[PDB]
Structure formats: structure tokens, C-alpha cells
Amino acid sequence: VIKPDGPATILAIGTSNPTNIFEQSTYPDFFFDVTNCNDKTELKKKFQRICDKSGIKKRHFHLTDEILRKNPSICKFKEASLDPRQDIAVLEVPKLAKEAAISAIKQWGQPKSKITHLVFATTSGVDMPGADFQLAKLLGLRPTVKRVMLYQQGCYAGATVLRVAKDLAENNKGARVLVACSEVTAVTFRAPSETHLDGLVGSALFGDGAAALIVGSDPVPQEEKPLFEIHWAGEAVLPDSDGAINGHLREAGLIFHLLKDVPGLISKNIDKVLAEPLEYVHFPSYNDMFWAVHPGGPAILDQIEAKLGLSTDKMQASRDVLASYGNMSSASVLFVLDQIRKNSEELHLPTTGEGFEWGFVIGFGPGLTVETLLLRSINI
């Protein structure tokens, strides 16, 4: 049996977002109006403060005033609303992923018939057949495409899809893995409550977006263009972090609870979590590495930057994604990777990883799980 020689390499990255742009400055106006909470003036001030300090300037949403008017239960706090949320999510998640995938396949330059595997991640609703099948059907991929459907894995899933793609690409000769992460806030949309600050945080942070990439070992010369190589992939459940990030799919939709200690748990343990991939490459300086950190919120980015003593430019691509699209869960870290390579191509930098050799793709989520991948950039 002939196995491929080289590491799993990202051969293309494509991204998509819904066309409806919602400015964060005036998001509280829209939000309190569609949920019929205009009379909750005090809660609006608190939500305005969360939005102004969220580090987000705009978010793209499938959900509009019209769609929410046609599905009134989604605007209610605890009323039975899973059904219309699913109806929206099940259809929109693979549709958004399709646009990201088309862009990824186009950048790759090779026909879609060469895609042997498909890894799909979403926390935006669940269905049987999954969003993986639905994406495969929409793109017209081979009926024999090997699929890995990652449902409800939260914000670390952008890192999980690459960890899965790593083994699928490296263990199968000629394997070209289509990776797709798509998030639509249909299930998480929560009406504002005086008794649910986590709901206000999520309503201020969560955005819509899809990211797709082609991963494969042994790139074909003068045909495929290598962007990033995956050298190590793994994860870690943080000590004393039980129940830090919980998410439950209920009759009212996806109800989440984030304990106040989440950014602190991440920052106190980040150096230890990065221990194994750092020793693999002989402990390079943190400032000599590129950072594709999941923009969960401004606090997570600020605290990792401060704990590891990173210069302000390291977290810029992560902050730029947060500013432009908010927290798009699984898709976010892949948008960051795309922005890192785009900045590199725009500025004519030595490597695709902003001039740096080694780098990290870090995702965070339920567990508290921190998923990390060590990537090597490609010289340009």
C-alpha cells in the first residue's frame, strides 16, 4: 500500500457570508425592535455597552426583519421555536457552504471530481441526511465521497475539521479533502432577557459565515498552489473547566451558558496547551510565529496576547475577522487563515504566514476544549 509522503497541505481557502449587513453600532436598535423589547430601555443600554465593547463593527446575517416576522417564535425567549429555526438552518447552512466551496474549488483550479473526502462542521442546527450530504449534493461531488459530519462541536470545530482532514489527506494517496465550516445564527438567536446575560453576549457576538478549504498531501507541481502545511494537530480539555461552555439543543433552540471565567481559563492554560507542538519544532519565539486564533470575543484575544507577551500585530488578523464578521463559530479561524495569506500576498511578504515560518490555528469551545494545530507557511 502506497501512502503519501508529505504533510496535509491547505491548497485553497474560500469564504462566504450572507448579503444582509448589520452594523454593530445600531444593532441594539434592530435587535430590540424585532424581538418587541423596545420597552426594556435598561436592558438596551446594557446591550449597547456589550456591542460597543465587542470589537465587532459589522456582522452578516441570513436572519432579517422579514424572516423573523414570518417566524415569530424565534423572537420569543423560551417559547417552542426549534422547528422554524431548523427549517431555516438546515437549508441555509449547506447553501452558504456551497458558495465558500465554489470559491475554494475555483482557487484550487482542479475539477470537483478529484475531491475524495468531505469534512463538514456546523453548530447551526442538525438534520439527517446531514449538511455534508447536502453540500455534496449541491456541488455534485462523486457519490462515493467519504464524509465526516461534525455536528454541534462549537467554536473549536474550525480546528477540528483540519485535524480530521490531516489524517484523511495523509493516509490516502491522491486524497483531496473538501473542508467546510458553515454557521447560520438561526438556532442561537435569543430574545433579550434581564435574566440571561449570556444571551446578550451571544446576541452581540455571533455572526454568520462559511469557510471552505481543500486539504491534500503531496501537491501536484505547477497545478496546485500550497498555502499552509499541517504538521501537528491535537487538543486539550483544560483543568478545572467543567461546565465552562455548555450548549443545549432544546425546544426553544440552542441555549448556551458561558461561565464568566472562560477567557481566564483559556489564558491561564494556553502556554501549557501549546507545549507539545512547540517542542516538536524546538520552542520558537511566540513573536516569530503567525496566529490564527478563534475570535470568540475581544477578552479571549486580549488575554492570550497579554499572557504570552505577543506584540499587537500578531492578533490583528483575528481582530480584523472579529471586526468584519463577528464570531462565526467554526468558520472564524479559517477566515483568519485566509486573511493571514491575503495580507501576505498583498504586502508581498516572504511567507504565506505574514513572513513567519511556524504558526498556530487555535479553536476554543465546550469542555473547555482548546483545539490546536501547528502550521508551516509556504515561501512566496
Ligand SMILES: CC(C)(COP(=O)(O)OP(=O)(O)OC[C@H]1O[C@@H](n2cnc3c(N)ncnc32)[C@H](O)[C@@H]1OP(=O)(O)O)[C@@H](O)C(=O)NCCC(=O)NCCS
Second form
Protein chains: 2
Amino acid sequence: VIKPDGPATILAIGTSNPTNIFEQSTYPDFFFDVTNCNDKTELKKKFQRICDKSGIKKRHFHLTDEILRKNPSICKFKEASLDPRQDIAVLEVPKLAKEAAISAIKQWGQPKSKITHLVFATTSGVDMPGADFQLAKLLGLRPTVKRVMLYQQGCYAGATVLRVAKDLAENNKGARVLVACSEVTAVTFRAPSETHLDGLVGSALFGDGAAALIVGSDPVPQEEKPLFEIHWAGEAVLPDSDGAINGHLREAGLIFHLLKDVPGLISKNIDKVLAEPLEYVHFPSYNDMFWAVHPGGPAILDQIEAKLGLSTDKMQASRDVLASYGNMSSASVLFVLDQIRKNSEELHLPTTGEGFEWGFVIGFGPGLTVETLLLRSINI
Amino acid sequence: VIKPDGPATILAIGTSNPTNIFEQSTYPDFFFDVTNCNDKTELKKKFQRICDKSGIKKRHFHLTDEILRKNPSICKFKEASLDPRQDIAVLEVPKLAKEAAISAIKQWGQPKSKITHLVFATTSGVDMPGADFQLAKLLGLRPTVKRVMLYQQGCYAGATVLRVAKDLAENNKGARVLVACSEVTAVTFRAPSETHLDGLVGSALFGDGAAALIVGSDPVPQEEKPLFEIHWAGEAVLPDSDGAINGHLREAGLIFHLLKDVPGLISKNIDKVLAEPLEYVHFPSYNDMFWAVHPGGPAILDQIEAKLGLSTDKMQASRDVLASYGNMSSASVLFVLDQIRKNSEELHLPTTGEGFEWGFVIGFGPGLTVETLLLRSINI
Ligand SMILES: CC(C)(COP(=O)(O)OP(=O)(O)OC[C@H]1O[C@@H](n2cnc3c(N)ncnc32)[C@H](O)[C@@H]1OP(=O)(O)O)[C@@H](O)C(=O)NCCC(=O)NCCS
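Starting from the form deposited without the named molecule shown above, please give the structure in the form deposited with the named molecule bound.
Below: every chain and molecule of the assembly, starting with the one above.
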């Protein structure tokens, strides 16, 4: 059996976001108005404070005043609302991923018939057949596409899809994996409550977006353009982090429980989490590496930056994504990678990874699970 | 980078089921009593006829008369019931898998510390952290265990976990994958209705169970005992099968809709689906192969048997699993593999695959997706 020789390589990155732009400056005005919570004046000041410090400037949402008016239960706190949230999500998640996938396939330059695998991740509702099937059908991929559907994996899923794609691409000759992460906040949209302060954080951070990539080993020279090589993939459940990030798909929708200790737990353990991939590549200085860190919140980026002694330009690509699109869960880290290669091509840098050789793709979510990938950039 | 040489090998199989046995003969009496539908006499006769022709003799359930009385909403048709269904499923799914995993690890003979990967599949509710995290924690596996959580993939998931485990084991040296499939019917439990005849099928067929396997390449001689080798893994979405098995996770739980003839569609296309792996091994006669077909119902086993001209003993292991435990979704096909292996050992057959060299693991579900794996048995 002939197995491919080279590491799993990202051959194309494409992104998409819904067209309805919501400025973070005035998001509390919209948020408290659609959920009929204008009377909760003290809670609005608290949400304004969180939004002002969120590092987010704008977010793209599928949900509008019109869609929330047509589905009033989504605007209610504890009322049965899973059915209309799912009906929106099940349709929009693969549709958004379709636009991201088309852009990734167009950038790749090869026909869609060469796609042998499909890895899809979403935390925006569940359905049978899954979003993976829906995407495959919408794009017109081969009916024999090998699918890996990753439902409800949260914010580390951007890293999980690349970890899964690594093994699929590297173990199958000629395998070209379509990776897709798509998040639509229809299921997580929570009305503000004085009893759910961690729900205000999620409401200030979560945005919509989709990212798609083509991953494959042994790139065909003068045909495919290698962007990043995946050299190591792994994860870690952080000690004493039980219940730090919980998410339950209830009748009222997807309820997130975020403890305030999340940025601190990641900072305390980030050096230990990065220990194994660092030794694989002979301990390069943190400041000699590129960083595609999931913008879970600004406090996570600020505290990883401070704990590791990183120069302020390292977290810039992550902060730019957070500023322009917010926390798009699984999609976020792939948008960061796209921004890293785009900045590199725009500035005519030595490599696709901001001039640096090695880099990290870090995602975090439920567990607390921190998913890490060691990437090598390509010389340009 | 040193990659392993051999194919992904099943090194141990362990199974588990809840202790409450419900005989199929009198199941309609229990079912119509807990759901308060004793007055629906004509529907009871129709359900009795489905249970009598189901090929199922007994099913193991976590749900009892006691648990259903303490959770009245689960016994209702359209009343909001996802919350108590989830509370039960989220706790019981990894607990059942723990028991199956312990049995698999014990049969393997190596410490649990050597497990580098965990692939979990379930259609019995969703949660963040997933059932994968919960299983890893309950077993005390390394905090760095690489996880693949397969939620809501239905009845093909038993084959998907093996396809995923194939690439993980074959692309990583020393990798030992814990495969786990666990199904508890708390979410699929549907009160009988004259307006949901598709629900009667699921009510007559779905049972509880868990199966766990240890998958790895390059077995260390005189330490590990190879049971089956995975040589090919793939899938296919059957033509003109749109909406054949639709499953929606609603407020009232998991609702199934069967818009097409599932057993008829698989039979018509099975020759075409099996074409690629048969080609890999020079088209051996179907009757010279072992069959680990998912016991979705009696019709699928009967119709594949008739279309492919199989001798009656081929579907026996699948029929024995259906008879003893019903349709345990993802877990079923792995129980069949265990039964094929067990029959082979007790009858002192030449191979672990009932004397035959090559064989198929066929899973089917939403799409209509048919997942197939080509396995080679081990000489004993
Ligand atoms: C939420 C966040 C943007 C707030 O900005 P900040 O720079 O931390 O500013 P502060 O911490 O001083 O203020 C945050 C306010 O929200 C509260 N808050 C922050 N995180 C909270 C949480 N997880 N649960 C409840 N309240 C929280 C703080 O207590 C404070 O409330 P206050 O008005 O009574 O003082 C920041 O803490 C952050 O990014 N946190 C991580 C968010 C996260 O975990 N994201 C991943 C989600 S999967």
C-alpha cells in the first residue's frame, strides 16, 4: 500500500460571514430592544461595559430584527425555543460553509471532484443528515466523500478539524480533505438575565462565520500552492478546570456556562500544553513563532501574551479577527490563519507565517480542552 | 517521521448493556401502559405486529417504569421533553461505555495509559464537554488523549468510528485507539401516535448498548492479540435516497422520519456500494466472506441476503445481535463483530471471521449513507 510521503498541507483557505453587520459600540441598544429587556437598565450598563472591553468592533450575524420578530421564542429567556433555532441553524450553517468552501476550492484551483474527504465542525445546532452531508450535497461533491462530522465541540473545533484532516490526508494517497467550520448563533442567542452573567459574556463575544480549507499531503508542484504544513497535532485537558466551559443543548436552546476563571486557567497551563510540540522542533523562541490563537475573548489573548512574554505583534492577527468578526467559535482560528497568510503576502514576507518558520494553532473550549497544532510556514 | 507499517487492527472488543431486560413479546403491553395509550387498541395491534415481525426477542433498557414515572414528559407525544431526556442520556451514555471499555481494555492486556486516541459515537443526546471527555475522565486516561467525538451520526456510526480509527492508528506510531459506541434510548423514546407510524418502527427496534474496541497498527507479538484487520474504509450516499432517514433533535426529543424504503434502497445499491472494496481484493465470492451488517431491522438483513444470494448462515451473527439486543444504533455492528469472533473461537474455526478470510462491516443511516469497511480476519 502506497502511503503519501509529506506532511498534511493546507492548500487553500476561504472564509464567509453573513451580510448583516452589527457594530459592537451600539450592540447593547439592539440586544436589549429585541429581547424586550429595555427596563433592565442596570444590566444594560453591565453589558455595555463587557462589549466596550470585548475587543470586538463589529460582528456579522444571520439573525436580524426581522428574523427575531418572526421567531419570538428566541428572544425569550427560558421559553421552549430549540425548534425555531434549529430550523434556522440547520439551513444556514451549511449555506454559509458553501460560500466559504467555494472560495477555498476556487483558491485551490483543482476540480471539486478531487475532494475525497470532508471534515465539518459546528456547535450551531444538530441534525440528521448532518451539516457535512448538506454541504457535500450543496457543493456537488462525489457521493463517496468520506465524512467526519464534528458536532458540539465548541471553540477548539477549528483545531480539531485540522487534527482530523492531518491523519486523513497523511494516510490516504491522493486524499484532498475539505475542512469546514461554520457557526451561526441562532442556537446560542440568549436573552439577557440577571441570573446568567456568563450569558452576557457569550452574547458580547459570539459572532457568525465560516471558514473552509483544503488539506492534503504531497502537493502537486506548479499546480497546488502550499500555505502551511501540519507537523504535530494534539490536545490537553487542563488540571482543575472541571466545568470551566459547559454547554447544554436544552429546550430553551444552547446554554453556555462560562466561569470567569477561563483566561487564567489557559494562561497558567499554556506553557505546559505547548511543551511537546516545542521539543519536536528543538525549542524555538516563542517570539520566533507565528500565532494563530483562537480569539475566545481579549482576556485570553492578553494573558497568554503576558505569560509567555510575547511581543505585542504576535497576537495581532488573532486580535484583528476578534475586532472584525468576534468569536466565531470553530471558524475563528482558521480566519486567523487566513489573516496571517494574507498579511504575509501583502507585506512580501519571507514566509506565509509572518516571516517565521514554526507556528501554533491553538483552540480552547469544553473540558477545559486546549487543542494545539504545530505548523510550518511556506517560503515565499 | 516513522509511520507504522501494518493495517489498523482490532485488538480487543468489549460490550455492555443496561441490566433491565424487556421481552419483545410483551413489550407492547409495557409500552402502551407507560405512555398512557391503552385506549389506542388498533394502534397496539399494529405495534404488536411490528414487534412480532421485528426479529427481536429481548432488548436491554436503562429506562424503566420508575424512571419514566419520575419523568412524565418523556411519555408524552409533543410536550417539551428534551431536558430530562438529556439529563439521563448525558450521564448514562459514558457510564455504559465505561463498562464496555473496561471489558475491552481487560481483554487487550495492556495498561490504559497506552491509549493515545479516543473515538466516541452516540446518537443519544449531546453535551459540551462531550461523552468522549466524560468517558476519558471516568476511565482515567491520559489528559492528552486525542479525541474524535461523533454526535448524531445514527446507525452508520459504528462503521464511521472504525474508519476514523483506521487513519488515526495507521498514521501515528504506537497509537492505540479506544473506540466506543454507546446508545441509550432516553432521547429516542417516542409515545405512540397514529400520526407518526415511523415512530412505531423506532419504538419496536431501538435498544440500549455499548461496544468498545482497541484499534492499533503494528501489534507487538506475544503481548497483543489481533482479531480483525481493517484494509479499506469508505462510504456512499445512495442515489435517489434523499430524506430516507431524517432525524431531528427537537424540544420533544429525537424524532425520526422515513420518507423512503430504507431496506429496499440499500439492497438495490449494495452491489455498487461494495464494488470498490471487492476490487481491492480481486472480487471474492460473497459467500466466501464474513458479514457484519448493521441489524437495523429484520427487513435489511433479509433483503441484503436475498439480493446478494447469500447462504442463510451469513447474516446469522447479525440476526443473533438483533434477537438478543435489538437495534443499538452505532454499537450494533461492533456487537456483530464480537459475535463473529466469539462463534469462531468456540467452534475452533480456522479464522476469527467464521473461517472466511475477507469480510464486510456495513453500517447505514441518514443520507441515505452506507458506510463500509473491508476486514481481514486473523488465523487461529
Ligand atoms: C469577558 C471579558 C471580555 C470582560 O472584559 P475584561 O477585560 O475581563 O474586564 P473585567 O474582567 O474587568 O470585567 C468583566 C465584567 O464581566 C464579568 N465577567 C467576566 N467574565 C465573566 C464570566 N465568565 N462569568 C460571569 N461574569 C463575567 C466580570 O466579573 C466583570 O463584571 P463587573 O461589571 O461586576 O465588574 C473578558 O473577561 C474575557 O475575554 N473573558 C474570557 C471570555 C471567555 O471565556 N470566552 C470564551 C467563551 S467559550
